[PDB]
Amino acid sequence: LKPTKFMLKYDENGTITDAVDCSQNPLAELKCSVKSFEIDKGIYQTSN
Amino acid sequence: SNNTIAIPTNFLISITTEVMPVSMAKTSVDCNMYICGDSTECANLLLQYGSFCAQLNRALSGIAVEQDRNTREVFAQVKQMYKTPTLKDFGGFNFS
Amino acid sequence: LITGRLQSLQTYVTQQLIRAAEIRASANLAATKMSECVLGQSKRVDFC
Amino acid sequence: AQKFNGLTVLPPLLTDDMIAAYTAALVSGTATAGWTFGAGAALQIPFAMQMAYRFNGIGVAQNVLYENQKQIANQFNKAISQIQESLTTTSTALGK
Amino acid sequence: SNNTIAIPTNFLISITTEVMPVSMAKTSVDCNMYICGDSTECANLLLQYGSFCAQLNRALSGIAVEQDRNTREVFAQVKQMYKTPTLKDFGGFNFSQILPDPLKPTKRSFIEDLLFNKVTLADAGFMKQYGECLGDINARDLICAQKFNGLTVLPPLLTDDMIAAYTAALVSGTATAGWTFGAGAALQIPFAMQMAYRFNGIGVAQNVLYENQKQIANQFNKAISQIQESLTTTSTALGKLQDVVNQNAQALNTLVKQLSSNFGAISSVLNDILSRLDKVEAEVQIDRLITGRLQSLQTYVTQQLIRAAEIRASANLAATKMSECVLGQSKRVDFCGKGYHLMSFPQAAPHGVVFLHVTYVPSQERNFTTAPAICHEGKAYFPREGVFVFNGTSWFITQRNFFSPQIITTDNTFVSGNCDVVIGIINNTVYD
Amino acid sequence: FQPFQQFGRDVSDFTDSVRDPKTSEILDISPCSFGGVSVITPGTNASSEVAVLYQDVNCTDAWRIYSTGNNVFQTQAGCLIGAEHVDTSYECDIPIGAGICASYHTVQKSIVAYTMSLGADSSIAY
Ligand SMILES: *[C@@H]1O[C@H](CO[C@@H]2O[C@@H](C)[C@@H](O)[C@@H](O)[C@@H]2O)[C@@H](O[C@@H]2O[C@H](CO)[C@@H](O[C@@H]3O[C@H](CO[C@H]4O[C@H](CO)[C@@H](O)[C@H](O)[C@@H]4O)[C@@H](O)[C@H](O)[C@@H]3O)[C@H](O)[C@H]2NC(C)=O)[C@H](O)[C@H]1NC(C)=O
Ligand SMILES: *[C@@H]1O[C@H](CO[C@@H]2O[C@@H](C)[C@@H](O)[C@@H](O)[C@@H]2O)[C@@H](O[C@@H]2O[C@H](CO)[C@@H](O[C@@H]3O[C@H](CO)[C@@H](O)[C@H](O)[C@@H]3O)[C@H](O)[C@H]2NC(C)=O)[C@H](O)[C@H]1NC(C)=O
Ligand SMILES: *[C@@H]1O[C@H](CO[C@@H]2O[C@@H](C)[C@@H](O)[C@@H](O)[C@@H]2O)[C@@H](O[C@@H]2O[C@H](CO)[C@@H](O[C@@H]3O[C@H](CO)[C@@H](O)[C@H](O)[C@@H]3O)[C@H](O)[C@H]2NC(C)=O)[C@H](O)[C@H]1NC(C)=O
Ligand SMILES: *[C@@H]1O[C@H](CO[C@@H]2O[C@@H](C)[C@@H](O)[C@@H](O)[C@@H]2O)[C@@H](O[C@@H]2O[C@H](CO)[C@@H](O)[C@H](O)[C@H]2NC(C)=O)[C@H](O)[C@H]1NC(C)=O
Ligand SMILES: *[C@@H]1O[C@H](CO[C@@H]2O[C@@H](C)[C@@H](O)[C@@H](O)[C@@H]2O)[C@@H](O[C@@H]2O[C@H](CO)[C@@H](O)[C@H](O)[C@H]2NC(C)=O)[C@H](O)[C@H]1NC(C)=O
Ligand SMILES: *[C@@H]1O[C@H](CO)[C@@H](O[C@@H]2O[C@H](CO)[C@@H](O)[C@H](O)[C@H]2NC(C)=O)[C@H](O)[C@H]1NC(C)=O
Ligand SMILES: *[C@@H]1O[C@H](CO)[C@@H](O)[C@H](O)[C@H]1NC(C)=O
Ligand SMILES: *[C@@H]1O[C@H](CO)[C@@H](O)[C@H](O)[C@H]1NC(C)=O
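Protein chains in written order, with my numbering: chain A, 20 to 67; chain B, 80 to 175; chain C, 34 to 81; chain D, 174 to 269; chain E, 5 to 436; chain F, 24 to 149.
Watch out, some of these pointers could steer you wrong.
Unchecked claim - Simulated restraints, written as ranges between beta carbons of each label pair:
id, chain 1, residue 1, chain 2, residue 2, range
1, E, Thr20, A, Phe56, 36 to 46 Å
2, A, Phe56, E, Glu136, 48 to 58 Å
3, B, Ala104, C, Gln74, 44 to 54 Å
4, E, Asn222, F, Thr83, 48 to 58 Å
5, E, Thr324, A, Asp30, 29 to 39 Å
6, D, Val233, C, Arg77, 47 to 57 Å
7, A, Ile58, F, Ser112, 47 to 57 Å
8, F, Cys82, E, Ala317, 55 to 65 Å
9, A, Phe56, F, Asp144, 50 to 60 Å
What the hints assert, rightly or not - DSSO-like cross-link-like pairs, simulated, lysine-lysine; straight-line CA separation at most 30 Å:
id, chain 1, residue 1, chain 2, residue 2
10, E, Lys108, E, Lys87
11, B, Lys162, C, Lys66
12, B, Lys105, C, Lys76
13, D, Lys176, B, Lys167
14, E, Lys111, B, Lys158
15, E, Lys111, E, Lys226
16, E, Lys108, E, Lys122
17, C, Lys76, D, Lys176
18, A, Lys50, B, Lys105
19, A, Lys60, E, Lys226
20, E, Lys83, E, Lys108
21, E, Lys244, A, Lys50
22, D, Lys251, B, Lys105
23, A, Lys60, E, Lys83
24, D, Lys269, A, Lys54
25, E, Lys87, B, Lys158
26, B, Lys158, C, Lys76
27, E, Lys261, E, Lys83
28, E, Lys283, E, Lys122
29, D, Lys243, C, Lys76
30, C, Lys66, B, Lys158
31, C, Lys76, D, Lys251
32, A, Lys24, D, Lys251
33, E, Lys122, E, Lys87
34, E, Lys261, E, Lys92
35, E, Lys226, C, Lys76
36, D, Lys176, B, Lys162
37, C, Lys66, E, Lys335
38, E, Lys122, A, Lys54
39, B, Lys158, E, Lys226
40, C, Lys66, E, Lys261
These are computed hints drawn from the structure, not numbers from a lab.
Even for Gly, the Cβ is constructed at its ideal location relative to N, Cα and C.
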């Protein structure tokens, strides 16, 4: 294990069914920054 | 006077200039970089604090898109790219 | 320190928004002048 | 320093060459077709005839333009040269 | 080339659309409810702190009044409510799709119905009852949370039916009375004669309209049908109005979400702090939370003010366009559509207005040989209005916009000087 | 809830659910205050009486109102208390909303509510 940031998804019943690891790659970083599992077509700024 | 009138007898051609701003610089801000630098403890503290800077980046990106919109709306009116004529006289009117 | 620096960033962004509004007004006027003085002849007094 | 503190400036979508190309196309279109009432489709016309049409637009007879064509062209060229000379001299013309 | 000119030989009628925002949502904030909830101790602490709720509410109420001002200034220009005519033909120009249909229950027109279906809004009704929010709960409705945290959305003064009535009156007035230089006393006139007058406005003879009335009417109807079909297909034609709606919703939801920020306190939950700590120790944490939440509200209000300024500029432009393109004929290039402006029709849309600009576009241009002046009997002749053209066999006078050769006559030319001055003069005869 | 869960929180970190320690039944917790309120006045100079508009109450035919009085009725803007309804239309004096306005008219005077008038009626035969 390593210290990292995650974004977890709770469904209607309260169970965790999916997650995003914010450090996997730039797409995951963008997903965590906007707090969404879906991204629309376009170009976005990320961290330096 | 109620019985006289002044009438011009000649004319002249004048050319004047008008300067107008169109766009400004587009900017973006790195939240953690500005607030905390390279410190991991400060980064964790900021995450606990609840920063509101996705909002700031939304506003700045809106401005950045608006700048390109301004430039396009000013300069891209004509839909045909007319070529530059070889001759630049046109009956004594120098366009060079 | 975090509170102070966040306040600084917020002030910067607000002033940027106001300046952008001013620039947008200027650009709209410039587009109107391009349409009415370069692509046509204007009868409005002291417009071109 | 700005970059080290996480502040970035982004480039505009249209380069200076593209804006210059747009302005060149606009000037060429005015000199060659001189649209009236919008862009539409370019309709070629000799420049002197266009100047006569505009003179009619401001309520002057075309014979005034045709009979004094050389003098009017000289005045136009002189005004352009004066603008160029004024720009060359250091000043605050572009203060905005 | 210095001796040729292109002249149009045909024309077509084009209708184009322009979408403009007019107003945004009106909002109000109960600062005590948002900051402290139902806690009495937090309320007393906030009273001691010196909150500035009144200032924020003054700003928000100003914005709310300005929205109704915008709508009124755009849509209520005409002071007479003209009734919808029973017949919707007016000499072959079909007006049925842009006027309310008596048979159908709806009070709007077909195109207005299409427009209102293209923008999706979640807040519809401006009434959410306590029993409803309690009964649902499981749904986690966004509006219920907004209202539970003291954020309210107020209804506009004018309903959709009233705006539709205004647009119907404007269209009926244009169809039956026409209007020339504003909205005064309606002066009835047959529609074909009005179209001939507007053709004269752009510099075309009335005979062109009268002789081709059927073809022009067919082109008008076809353009209307094309607009309708384009609107029917899914697209982003009304992106600006949807953007306004989305921005307001996002602002409110972000305000609700920001209640989970610690702001440097031990916890963001007031009940936790008040259950763990005594008054003196709890005061520090509660003061930190109060400062943070007040800052959040201030940011929301400032952004609302800036957006309101932008919307006001847009509404002013829309009112000017309604005054200068619908109640008159405009000579400004590209102000009302692309081409030569003939007329315009307004239609109501969610939080905005759609203008249909009908314009005249030349087409099928052909080239000709032209000269500046004509040298006849050692005298220079210039046209008073037009241009000298050579169609291959003889010289005529023609208009720039439309090709209609005329015999060179002394009634459409004038003389000045000799033939030794004009450059490029040509020799030819002049009839009676 | 899971056996190891006792409290529940929503997106705003407000404690919205709890398990009962004795019966183990789950319960939702909701705030007590809810609903928008507006006050219409002709000006303290003219009178001290006012009308109250409750935006989120349906009074048609337990009501969350401070004090029911005379002339309580429902409008498209909510439940209105303290104003008389008139079927005539006038120009808007005080804009209530959703096409409803209010004024201070002689019945002594009282607050009245009505539908606003859009403009003069006319017919121009074609
Ligand atoms: C406030 O609530 C009323 C409901 O009125 C009753 O009291 C409340 C407190 C609750 O107990 C309700 O369940 C009760 O109904 C709403 O008015 C009702 O709206 C509904 C939905 O639009 C109407 O249902 C339709 O109404 C039509 C019936 O037509 C025939 O009957 C009516 C009533 O007798 C009569 O006016 C009409 O002339 C006909 O005789 C019809 O479209 C369809 O069949 C259906 O029944 C219902 O009729 C309404 N009731 C009344 C009494 O007006 C309000 O809408 C609500 N306000 C708001 C702002 O939401
Ligand atoms: C259209 O105008 C160009 C440019 O002329 C220059 O700009 C004008 C607005 C005026 O201010 C002119 O006085 C100015 O020169 C004409 O072409 C240019 O002509 C000038 C002379 O008039 C040339 O300058 C000469 O160049 C060499 C080097 O010095 C020597 O012959 C002379 O000493 C003199 O300086 C110049 O090179 C030339 N080209 C340019 C790019 O400037 C052009 O002739 C004119 N068109 C017509 C049809 O008249
Ligand atoms: C003015 O236009 C209306 C509406 O016509 C419709 O919209 C136009 C913009 C065009 O796209 C038309 O093609 C389109 O229909 C005319 O009234 C409408 O006419 C159409 C036929 O042209 C009727 O549709 C018919 O309805 C039934 C059921 O299908 C059958 O007879 C036919 O199969 C066909 O579908 C339509 O019902 C009718 N009414 C409406 C409200 O659309 C109208 O006649 C015309 N005015 C004049 C003077 O020509
Ligand atoms: C949420 O859970 C329900 C119920 O799931 C079952 O019952 C619970 C109390 C618990 O014991 C679960 O582990 C059980 O699986 C799901 O709806 C039921 O799903 C099952 C399995 O497919 C099906 O047989 C039942 O008919 C369903 N009952 C209904 C629909 O009333 C539901 O799908 C879960 N939600 C999600 C998003 O996965
Ligand atoms: C916790 O105790 C309650 C109630 O305690 C008993 O009843 C009280 C009224 C009082 O007399 C106490 O001293 C008693 O010890 C239990 O609730 C009861 O549960 C049973 C289960 O069969 C039910 O039949 C009773 O009606 C319930 N009583 C009431 C008053 O509702 C409860 O089950 C105990 N909880 C646990 C986790 O053991
Ligand atoms: C130029 O226009 C003239 C005038 O209309 C044309 O001459 C006419 O030709 C038609 C047949 O095409 C005759 O019926 C008319 O009597 C002619 N009018 C005259 C002689 O005044 C002429 O054909 C046109 N030229 C071209 C090349 O199209
Ligand atoms: C057009 O330009 C040519 C260039 O050689 C010239 O000879 C001719 O006289 C010009 N024509 C007119 C009408 O000015
Ligand atoms: C208050 O109303 C009374 C009665 O009409 C009037 O005399 C007075 O001028 C008004 N204004 C005040 C008291 O400020």
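Each hint, compared with the structure:
{"no.": "1", "hint": "E/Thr20 <-> A/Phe56: 36 to 46 Å", "in the structure": "holds, 40 Å"}
{"no.": "2", "hint": "A/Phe56 <-> E/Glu136: 48 to 58 Å", "in the structure": "violated, 30 Å"}
{"no.": "3", "hint": "B/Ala104 <-> C/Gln74: 44 to 54 Å", "in the structure": "violated, 36 Å"}
{"no.": "4", "hint": "E/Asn222 <-> F/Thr83: 48 to 58 Å", "in the structure": "holds, 53 Å"}
{"no.": "5", "hint": "E/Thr324 <-> A/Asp30: 29 to 39 Å", "in the structure": "violated, 52 Å"}
{"no.": "6", "hint": "D/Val233 <-> C/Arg77: 47 to 57 Å", "in the structure": "violated, 19 Å"}
{"no.": "7", "hint": "A/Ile58 <-> F/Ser112: 47 to 57 Å", "in the structure": "holds, 52 Å"}
{"no.": "8", "hint": "F/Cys82 <-> E/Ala317: 55 to 65 Å", "in the structure": "violated, 41 Å"}
{"no.": "9", "hint": "A/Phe56 <-> F/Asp144: 50 to 60 Å", "in the structure": "holds, 57 Å"}
{"no.": "10", "hint": "E/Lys108 <-> E/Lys87", "in the structure": "holds, 17 Å"}
{"no.": "11", "hint": "B/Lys162 <-> C/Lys66", "in the structure": "holds, 23 Å"}
{"no.": "12", "hint": "B/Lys105 <-> C/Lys76", "in the structure": "violated, 37 Å"}
{"no.": "13", "hint": "D/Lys176 <-> B/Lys167", "in the structure": "violated, 47 Å"}
{"no.": "14", "hint": "E/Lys111 <-> B/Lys158", "in the structure": "violated, 41 Å"}
{"no.": "15", "hint": "E/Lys111 <-> E/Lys226", "in the structure": "holds, 25 Å"}
{"no.": "16", "hint": "E/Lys108 <-> E/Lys122", "in the structure": "holds, 20 Å"}
{"no.": "17", "hint": "C/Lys76 <-> D/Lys176", "in the structure": "violated, 50 Å"}
{"no.": "18", "hint": "A/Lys50 <-> B/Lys105", "in the structure": "holds, 23 Å"}
{"no.": "19", "hint": "A/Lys60 <-> E/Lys226", "in the structure": "violated, 36 Å"}
{"no.": "20", "hint": "E/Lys83 <-> E/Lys108", "in the structure": "holds, 27 Å"}
{"no.": "21", "hint": "E/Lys244 <-> A/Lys50", "in the structure": "holds, 26 Å"}
{"no.": "22", "hint": "D/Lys251 <-> B/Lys105", "in the structure": "violated, 40 Å"}
{"no.": "23", "hint": "A/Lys60 <-> E/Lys83", "in the structure": "violated, 48 Å"}
{"no.": "24", "hint": "D/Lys269 <-> A/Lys54", "in the structure": "violated, 41 Å"}
{"no.": "25", "hint": "E/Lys87 <-> B/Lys158", "in the structure": "violated, 43 Å"}
{"no.": "26", "hint": "B/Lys158 <-> C/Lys76", "in the structure": "holds, 25 Å"}
{"no.": "27", "hint": "E/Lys261 <-> E/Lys83", "in the structure": "violated, 46 Å"}
{"no.": "28", "hint": "E/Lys283 <-> E/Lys122", "in the structure": "violated, 55 Å"}
{"no.": "29", "hint": "D/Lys243 <-> C/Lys76", "in the structure": "holds, 26 Å"}
{"no.": "30", "hint": "C/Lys66 <-> B/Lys158", "in the structure": "holds, 18 Å"}
{"no.": "31", "hint": "C/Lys76 <-> D/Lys251", "in the structure": "holds, 25 Å"}
{"no.": "32", "hint": "A/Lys24 <-> D/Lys251", "in the structure": "violated, 70 Å"}
{"no.": "33", "hint": "E/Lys122 <-> E/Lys87", "in the structure": "holds, 28 Å"}
{"no.": "34", "hint": "E/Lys261 <-> E/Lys92", "in the structure": "violated, 53 Å"}
{"no.": "35", "hint": "E/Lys226 <-> C/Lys76", "in the structure": "violated, 34 Å"}
{"no.": "36", "hint": "D/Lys176 <-> B/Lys162", "in the structure": "violated, 42 Å"}
{"no.": "37", "hint": "C/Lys66 <-> E/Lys335", "in the structure": "holds, 14 Å"}
{"no.": "38", "hint": "E/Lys122 <-> A/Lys54", "in the structure": "holds, 28 Å"}
{"no.": "39", "hint": "B/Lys158 <-> E/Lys226", "in the structure": "holds, 25 Å"}
{"no.": "40", "hint": "C/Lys66 <-> E/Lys261", "in the structure": "violated, 45 Å"}
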